[PDB]
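A single chain comes next, written as structure tokens; it is the form deposited without the ligand.
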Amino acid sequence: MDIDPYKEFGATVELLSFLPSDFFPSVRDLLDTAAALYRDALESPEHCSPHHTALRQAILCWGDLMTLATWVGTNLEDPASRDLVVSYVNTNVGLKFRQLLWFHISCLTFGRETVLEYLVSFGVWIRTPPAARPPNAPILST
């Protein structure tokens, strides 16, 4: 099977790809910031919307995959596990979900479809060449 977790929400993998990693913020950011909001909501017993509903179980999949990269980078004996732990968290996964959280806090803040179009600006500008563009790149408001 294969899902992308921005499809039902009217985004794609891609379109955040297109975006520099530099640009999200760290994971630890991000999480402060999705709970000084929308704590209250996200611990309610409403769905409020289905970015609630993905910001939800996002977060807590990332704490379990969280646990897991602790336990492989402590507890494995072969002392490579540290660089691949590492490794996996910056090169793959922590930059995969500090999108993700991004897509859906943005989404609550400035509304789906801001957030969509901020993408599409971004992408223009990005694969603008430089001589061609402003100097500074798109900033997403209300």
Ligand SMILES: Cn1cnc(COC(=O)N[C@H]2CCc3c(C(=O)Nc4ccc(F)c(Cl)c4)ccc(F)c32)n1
The other form holds:
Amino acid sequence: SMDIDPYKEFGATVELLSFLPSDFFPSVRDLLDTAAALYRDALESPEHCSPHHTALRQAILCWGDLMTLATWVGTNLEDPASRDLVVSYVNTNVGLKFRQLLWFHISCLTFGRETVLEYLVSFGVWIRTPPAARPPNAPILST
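Please could you give me the other form, the form deposited with the ligand bound, since above is the form deposited without the ligand?
A lone chain is what you will see next.
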């Protein structure tokens, strides 16, 4: 009966990240490509660097495990579309969680946590303003 919030220690919460709609978040493919492109040397490094790095390290690997289970279904699980349904669960339902988690951490390193959090409410408020009055410019993430 323990309840740990992956975001608590970084000044956010699961409720908060779910304020951004599903379709705001980049893909997992695109997210890992970006972590590598901007951070491989630090993630692969033997320094802590930041708490963010530590967490990101763990989430890439954890997504890894979920993906190596997804490959293992089929190549070991005999039945046909009862195999596809599992790999479909993995890539859409859990994938959303990790899309949230990875975004949060790459975006925090790239842009700074306090800037990430402000952009988060600002986009959530903005996107929910209906088209009728919602400005052309969604707010921006920068630095």
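Numbering follows the first chain given and starts at 1. Rigid core (definition): largest C-alpha set, two forms, superposition within 1.5 Å.
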- Task: Superpose on the rigid core, then tell me if the C-alpha of residue 89 is displaced by 2 angstroms or more between these two forms.
- Result: yes
- Cα displacement of residue 63 between these two forms reaching 2 Å, rigid core superposed: no
- Message: Given a core-based superposition, decide whether the C-alpha of residue 111 shifts by 2 Å or more between these two forms.
- Response: no
